[PDB]
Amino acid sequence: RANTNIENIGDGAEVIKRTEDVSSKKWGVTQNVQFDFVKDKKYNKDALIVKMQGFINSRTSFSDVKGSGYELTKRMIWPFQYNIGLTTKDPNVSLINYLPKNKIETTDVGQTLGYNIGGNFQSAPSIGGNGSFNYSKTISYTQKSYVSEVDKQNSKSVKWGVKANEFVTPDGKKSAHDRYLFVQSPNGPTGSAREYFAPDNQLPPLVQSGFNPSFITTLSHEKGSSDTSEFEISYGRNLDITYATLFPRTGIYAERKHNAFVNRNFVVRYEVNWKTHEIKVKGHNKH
């Protein structure tokens, strides 16, 4: 037990903490996942609090459009939504909580999942408001210009979508669905495609760089049902394309292809062993 990260959380209860880090250079994703087993002699179920962190590259790019008639057209590919989800199919496991639980539109998201001996979970959309829990886990992330929604939630799966919402632009606030979002008339000489789009200082981090997720869901398992369960964690993005064409007579013309690339996700299959309190990577879609 000395080589295992174990926290005593009160009489007859402790948390066994495991981690896995799994990255894909192909998908531009890192999953830094924490898996905390709640061991409580006064709770008839096993529980695994799964905290999903890491990185999802924006995969934003600016390029020329090849072909006849497209000589004056440039393309910006950028992430309209980041996808984070966890799914199970084994009858022996279900999801009993998830954070965030509701739509949240604030630039900063900071929430807490608390546990009290006897199988009692509670959540709050804030950090620091409570010192009554036997154990707690928090989530924290920034999503400037984006909003978080629970796209799917049920006893077997949860999916969050962190979606483009409203942006600060030189001309004022613009909707994520405005076809002229990020478009501009070019001025300089070098690397022309980049110049048809808003400079980096106008692109918020979720467009320019990527997203650092922080989400939780708790897996529930009846003590005495089968030893292991598999589940998949998916991180990725949906990309839009904004096309900008410079017309000699009328200026810059923009068109958007919304949902241009959907579900560009890195999926990792894990196994939890409820008896040995271990986690293993079983498979993934790196190739």
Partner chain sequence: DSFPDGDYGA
Contents of the next structure:
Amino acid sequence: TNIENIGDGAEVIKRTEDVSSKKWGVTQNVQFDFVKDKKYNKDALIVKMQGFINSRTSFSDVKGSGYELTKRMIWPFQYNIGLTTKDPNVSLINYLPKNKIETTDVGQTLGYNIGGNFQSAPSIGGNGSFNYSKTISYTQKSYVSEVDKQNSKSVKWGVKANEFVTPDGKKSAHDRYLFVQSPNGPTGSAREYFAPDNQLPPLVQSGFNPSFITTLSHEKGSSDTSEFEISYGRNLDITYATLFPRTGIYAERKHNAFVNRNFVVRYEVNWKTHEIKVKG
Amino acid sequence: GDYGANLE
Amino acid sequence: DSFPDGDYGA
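Just the form solved without the partner chain so far, so send over the form solved in complex with the partner chain.
Expanding to the full complex; the earlier chain stays at the top.
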């Protein structure tokens, strides 16, 4: 369907899949670009992972005797994005970002040149030397991106809470008082015990729009299909705030309160027909 | 239960 | 339906 001639007898066949889960609050909008180059002994599939992962930030009362003045805020300490395969006929040959990146904006490029030559740059706009290129772009204010796992069969990134701008200066993501505030009075409302939306950055208030790449490599002549899974999700922390009329607001953190709240989708690539299917 | 309804 | 099983404990 979408075929681009990239020079020197090579082409890129472009496929997409959009898979969402209202249960997990995730949309996977994935691009799968097959590199078809007679001068490269392997097939290659550039997978660009975009979409949305809801923050799932929420605020609630804590029920039970003794918890009448205790409220909770559930919020994402880390966003999880990963692609894994167990198929012996496929391996991961590059990934972007390749290293830890702490800047608010992340913008990088993967280039391809005929003959099986990949190159990555941690910037967008550098040189018109590639036969084909694909970029990633995302914003992660107050968060940092780390490569949690990387090997020939899997890659996992974590976009993790780091440092926040707060009325009392910068606060570490591990500060138990992060997002905690005194409510106006004793008149309920769990929401009032925590920083208002205007103090919460987009990754806390709304969610994250991922933009990550990995390239799958397949020996030409090995089996026609491979399966792999893409996982998008979050790890949530809980901050509890308890109002003590005489000693003020007391805060506690349950770190890694809900881990790997992820939506996993299994895809099948057919290297012979240059097609992608969702298995479930 | 242990907690109240989830507020956005 | 637009939430996980148990809804975080709600």
